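Let's start with one chain on its own, the form deposited in one PDB entry, as structure tokens.
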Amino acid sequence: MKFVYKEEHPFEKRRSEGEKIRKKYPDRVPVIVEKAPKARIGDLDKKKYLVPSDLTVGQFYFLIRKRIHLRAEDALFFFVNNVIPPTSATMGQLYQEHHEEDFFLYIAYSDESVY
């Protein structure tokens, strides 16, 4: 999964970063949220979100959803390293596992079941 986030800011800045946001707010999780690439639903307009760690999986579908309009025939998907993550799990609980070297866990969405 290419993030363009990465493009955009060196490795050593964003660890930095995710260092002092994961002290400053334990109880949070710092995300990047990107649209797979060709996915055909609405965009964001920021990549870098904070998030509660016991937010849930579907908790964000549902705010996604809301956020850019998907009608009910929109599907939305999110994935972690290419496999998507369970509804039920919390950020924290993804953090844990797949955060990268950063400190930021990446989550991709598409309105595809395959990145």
Contents of the next structure:
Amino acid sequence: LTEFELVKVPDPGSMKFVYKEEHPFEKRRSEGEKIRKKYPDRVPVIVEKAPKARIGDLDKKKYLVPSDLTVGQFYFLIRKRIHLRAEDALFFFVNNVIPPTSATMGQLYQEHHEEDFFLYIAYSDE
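What would the structure be for the form deposited in another entry, rather than the form deposited in one PDB entry?
Only one chain is given; partner chains and other molecules are left out.
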């Protein structure tokens, strides 16, 4: 109708991870499988900023996160790795889905890790 607003659907390939552009698949999978052997109780995570976000960027992309660490605990870690105000927000995006903070990184990894053994998380304040 004229008074309804038709909500547009977000483009699922809007977020492009630089780590996937610069490294071919076989190199990434070989790297992720080695890190899984060295740290079987940790999960390799790629964290990049959404290009539209205006909060600070990350010095390092790659993180070895323990499986029992929750998403909420990982949220406070990433905040203390970028330049932002205490009042600024930050949201994690895994396949454009904000994961529950009560879930562990191991549960989030086991459900959404890609074929290169890496879990890709985008962050943005908007």
